[PDB]
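Q: Single-letter residue listing:
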Amino acid sequence: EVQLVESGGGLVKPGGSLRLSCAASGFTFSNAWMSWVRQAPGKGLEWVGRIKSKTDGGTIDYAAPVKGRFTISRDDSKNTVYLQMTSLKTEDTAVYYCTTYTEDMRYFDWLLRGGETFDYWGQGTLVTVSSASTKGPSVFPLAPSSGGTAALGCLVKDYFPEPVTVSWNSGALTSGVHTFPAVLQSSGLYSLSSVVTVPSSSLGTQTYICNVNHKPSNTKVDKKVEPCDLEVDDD
Amino acid sequence: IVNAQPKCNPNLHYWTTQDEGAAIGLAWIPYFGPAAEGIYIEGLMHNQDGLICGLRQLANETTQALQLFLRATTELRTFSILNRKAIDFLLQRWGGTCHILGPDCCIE
Amino acid sequence: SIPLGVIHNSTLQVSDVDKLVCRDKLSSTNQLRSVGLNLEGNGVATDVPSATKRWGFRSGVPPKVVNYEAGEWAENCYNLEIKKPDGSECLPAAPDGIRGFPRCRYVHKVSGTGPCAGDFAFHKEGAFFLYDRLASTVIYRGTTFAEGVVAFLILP
Amino acid sequence: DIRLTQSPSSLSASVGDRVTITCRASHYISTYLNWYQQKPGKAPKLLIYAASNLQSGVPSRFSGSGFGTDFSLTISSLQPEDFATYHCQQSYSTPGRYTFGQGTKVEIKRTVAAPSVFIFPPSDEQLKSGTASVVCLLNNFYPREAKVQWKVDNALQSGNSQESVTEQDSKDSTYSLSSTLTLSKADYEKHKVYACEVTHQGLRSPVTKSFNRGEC
Ligand SMILES: *[C@@H]1O[C@H](CO)[C@@H](O[C@@H]2O[C@H](CO)[C@@H](O[C@@H]3O[C@H](CO[C@H]4O[C@H](CO)[C@@H](O)[C@H](O)[C@@H]4O)[C@@H](O)[C@H](O[C@H]4O[C@H](CO)[C@@H](O)[C@H](O)[C@@H]4O)[C@@H]3O)[C@H](O)[C@H]2NC(C)=O)[C@H](O)[C@H]1NC(C)=O
Numbered sequence: 001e002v003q004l005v006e007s008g009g010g011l012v013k014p015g016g017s018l019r020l021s022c023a024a025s026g027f028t029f030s031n032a033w034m035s036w037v038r039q040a041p042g043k044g045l046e047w048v049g050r051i052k053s054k055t056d057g058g059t060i061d062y063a064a065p066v067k068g069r070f071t072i073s074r075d076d077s078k079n080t081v082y083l084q085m086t087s088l089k090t091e092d093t094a095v096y097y098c099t100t101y102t103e104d105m106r107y108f109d110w111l112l113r114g115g116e117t118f119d120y121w122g123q124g125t126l127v128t129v130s131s132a133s134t135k136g137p138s139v140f141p142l143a144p145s150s151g152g153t154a155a156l157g158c159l160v161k162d163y164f165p166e167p168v169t170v171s172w173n174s175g176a177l178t179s180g181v182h183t184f185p186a187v188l189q190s191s192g193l194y195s196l197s198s199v200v201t202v203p204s205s206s207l208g209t210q211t212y213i214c215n216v217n218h219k220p221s222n223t224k225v226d227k228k229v230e231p234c235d236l237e238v239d240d241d
Numbered sequence: 504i505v506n507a508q509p510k511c512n513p514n515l516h517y518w519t520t521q522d523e524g525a526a527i528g529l530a531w532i533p534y535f536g537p538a539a540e541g542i543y544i545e546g547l548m549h550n551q552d553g554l555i556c557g558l559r560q561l562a563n564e565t566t567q568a569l570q571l572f573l574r575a576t577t578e579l580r581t582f583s584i585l586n587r588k589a590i591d592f593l594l595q596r597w598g599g600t601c602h603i604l605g606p607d608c609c610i611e
Numbered sequence: 032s033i034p035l036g037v038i039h040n041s042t043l044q045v046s047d048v049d050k051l052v053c054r055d056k057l058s059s060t061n062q063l064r065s066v067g068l069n070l071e072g073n074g075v076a077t078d079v080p081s082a083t084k085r086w087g088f089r090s091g092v093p094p095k096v097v098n099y100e101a102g103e104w105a106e107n108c109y110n111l112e113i114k115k116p117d118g119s120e121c122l123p124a125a126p127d128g129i130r131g132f133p134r135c136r137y138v139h140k141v142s143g144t145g146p147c148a149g150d151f152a153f154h155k156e157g158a159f160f161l162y163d164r165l166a167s168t169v170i171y172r173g174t175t176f177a178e179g180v181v182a183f184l185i186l187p
Numbered sequence: 001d002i003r004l005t006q007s008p009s010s011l012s013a014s015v016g017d018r019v020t021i022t023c024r025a026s027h028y029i030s031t032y033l034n035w036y037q038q039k040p041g042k043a044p045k046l047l048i049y050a051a052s053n054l055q056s057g058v059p060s061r062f063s064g065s066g067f068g069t070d071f072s073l074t075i076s077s078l079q080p081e082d083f084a085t086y087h088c089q090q091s092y093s094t095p096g097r098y099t100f101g102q103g104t105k106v107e108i109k110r111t112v113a114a115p116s117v118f119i120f121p122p123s124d125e126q127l128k129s130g131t132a133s134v135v136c137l138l139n140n141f142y143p144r145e146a147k148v149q150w151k152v153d154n155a156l157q158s159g160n161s162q163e164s165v166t167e168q169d170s171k172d173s174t175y176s177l178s179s180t181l182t183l184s185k186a187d188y189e190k191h192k193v194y195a196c197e198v199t200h201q202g203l204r205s206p207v208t209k210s211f212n213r214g215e216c
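Residue numbers (the entry's author numbering), protein chains in the order written: chain E, 1 to 145, 150 to 231, 234 to 241; chain H, 504 to 611; chain K, 32 to 187; chain F, 1 to 216.
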């Protein structure tokens, strides 16, 4: 019933600005408090900011490492809240989540304390800050040339930033699929591997293609993986 | 019961003086018993099916009536309220002749 | 739950609150009686040193009083006028309507001094101090009492 | 301003066990805690508001307790979908830097599962670029702890490989692990036998999968 969608994340160089947008639907936006909470890759959840509704004055509060560099605003006619990021530092590389403090939880706070309980969370967006340019992913097949059950994967190498998606046979094969998380190589670029397990007798009859989609570099590449029996009857 | 208060405490941290049973040793003796500050037992009751908030509302809606009662009586301290409520509970069912298959008769 | 005495023809039992005996009949509140029984009747030492060794001072516990309708004639009762060495009273004056135990053959009246290290004097065994149709957890000044305990009965 | 500390940091229990996580506060707080469930890759989902209060839709096995400085979260009987990282957050004052706890990741316990082992040599299209990446796959195994060692011509190699662990699957509580080994083209064409050897509790003896360059 209630849904929130974050957008605007991307790669920005240290010291640059970036604008994040949060769209909300399914509730009374003008009476609810909004908040931004970020999650670093290795630091857990970290609260960023808070904005009240137009009823309570709409005062804004920021975090200590955040004050003076960010600015929150809200549009009630469009049910949207915006977060502006200026003079950004490398420690702010995180996954940003947009949260709402509904009017119903205002009613459960009885001691009238300013703190809030975060009701609903959106998908979140990725914000990466690093002194490097975008790079396209490398797709290489992994041939299956073991018994009754066999395994088949394709490898993605030297891609930056992180957002990558892999779908085998345009999503027709969803069972037994394992897509491993990214691992940082010594060169500064990441490496990902995608696997799917299939019966051995089906490799000669089916055609398996992995579809790799990479939004930052706008690179969508698909590759067909194919396998040993001696064909020695030549003259 | 519709809770019409501006805000509600969903949690009930209740204290009472009824003993929970299994009194240890001879601690029931007033000489060896606890002081006036340590005779209470506590408990936590969460908001289930919207009960807690409703309870508060009930108290609110009771207040007026209760006040009127305290206006009528001349007791400096009134302790016989629950007992009177029980007496009225019994009179409601068995105060008059209990006709079988009747609305005011609770039989089988 | 407070034990209720069940009286039959030459039978006494504790009323079982879990059980329900439909043959038991309570047709009037006159059948309900509260009775005070004297520790004397259980063979306790009545000499002043033992009795006073059964009592002790304590603060922090508010006194409590419960009525009883009938009591037992005592051979030995006690009446205390105790002060601290500084002359101040150790025991409070009898509240309004608390009179002495009505039937005492011997009243043991003890006067003197003590440290009285506590706001009220209680019974160390949890018994009651029986007065004129009022039973108290504490000793009042200058007021004759008997040591006892309370039972509740339904009379036939 | 306000410090929250969870315990334990990691937890492993079986399906149907009673799980209890503790959240401790630095200052005095009267039932302002909130329990959030965050499954890997998804957003945190609010489970408990204030103390012992379940959000509409949360199953009955979740329960909260406690007030003051210490708070307790209890799951009566674990279920496969309960695998997630749970967080406790205070709402007593305006949130500080340490308002959210570090988090407690719950892990489901099952029978020891033997890993299915495969090995994938580098592709010719990848060999054309000047870099080689051999893959060693261990899928469908519990627990997560396993030993992967690369041996090129019976010589143990270190510092040139990387591991990657998949989160616990939702249907079957089984992990998957991938080992990627990166070498240059010249050093790859210098040796004949390549083997990845794995040790795990589900296998009586550690097993090794090997291949030669250009084999069938
Ligand atoms: C209801 O009725 C019961 C039954 O009588 C009463 O319980 C009695 O309480 C008195 C309290 O003073 C007890 O008397 C004291 O007992 C001490 C220990 O002996 C008993 O306890 C141990 C441990 O349980 C038993 O193993 C033992 O067999 C005895 O049963 C004595 O040490 C006390 O002092 C004695 O020594 C001193 C010297 O230091 C002398 O000065 C004393 O005069 C005395 O000789 C004292 O005797 C009595 O034992 C209890 N009866 C029992 C346990 O059966 C309840 O108090 C009563 N309640 C009410 C409200 O009336």
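Each hint should be verified, as a subset may be incorrect.
[To be verified] Here are the in silico distance ranges between beta carbons for each label pair: (1) F:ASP1 with H:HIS516: 21 to 27 Å; (2) F:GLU189 with E:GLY15: 30 to 36 Å; (3) E:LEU111 with K:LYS84: 26 to 32 Å; (4) H:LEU593 with K:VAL45: 49 to 55 Å; (5) K:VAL66 with H:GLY528: 34 to 40 Å; (6) K:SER59 with H:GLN521: 28 to 34 Å; (7) E:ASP104 with F:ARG18: 28 to 34 Å; (8) F:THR22 with H:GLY541: 34 to 40 Å; (9) H:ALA507 with K:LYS95: 23 to 29 Å; (10) E:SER17 with F:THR22: 17 to 23 Å; (11) H:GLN521 with F:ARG3: 33 to 39 Å.
Keep in mind that the hints were calculated from the coordinates and are not lab data.
All C-beta atoms in this analysis are idealised placements derived from N, C-alpha and C, irrespective of residue type, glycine included.
Q: Indicate, hint by hint, whether the structure satisfies it.
A: Against the structure, the hints come out as follows:
{"no.": "1", "hint": "F:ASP1 with H:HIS516: 21 to 27 Å", "verdict": "holds, 25 Å"}
{"no.": "2", "hint": "F:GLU189 with E:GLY15: 30 to 36 Å", "verdict": "violated, 45 Å"}
{"no.": "3", "hint": "E:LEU111 with K:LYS84: 26 to 32 Å", "verdict": "violated, 53 Å"}
{"no.": "4", "hint": "H:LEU593 with K:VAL45: 49 to 55 Å", "verdict": "violated, 25 Å"}
{"no.": "5", "hint": "K:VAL66 with H:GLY528: 34 to 40 Å", "verdict": "violated, 28 Å"}
{"no.": "6", "hint": "K:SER59 with H:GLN521: 28 to 34 Å", "verdict": "holds, 30 Å"}
{"no.": "7", "hint": "E:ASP104 with F:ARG18: 28 to 34 Å", "verdict": "holds, 31 Å"}
{"no.": "8", "hint": "F:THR22 with H:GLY541: 34 to 40 Å", "verdict": "violated, 27 Å"}
{"no.": "9", "hint": "H:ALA507 with K:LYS95: 23 to 29 Å", "verdict": "violated, 41 Å"}
{"no.": "10", "hint": "E:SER17 with F:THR22: 17 to 23 Å", "verdict": "violated, 42 Å"}
{"no.": "11", "hint": "H:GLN521 with F:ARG3: 33 to 39 Å", "verdict": "holds, 38 Å"}
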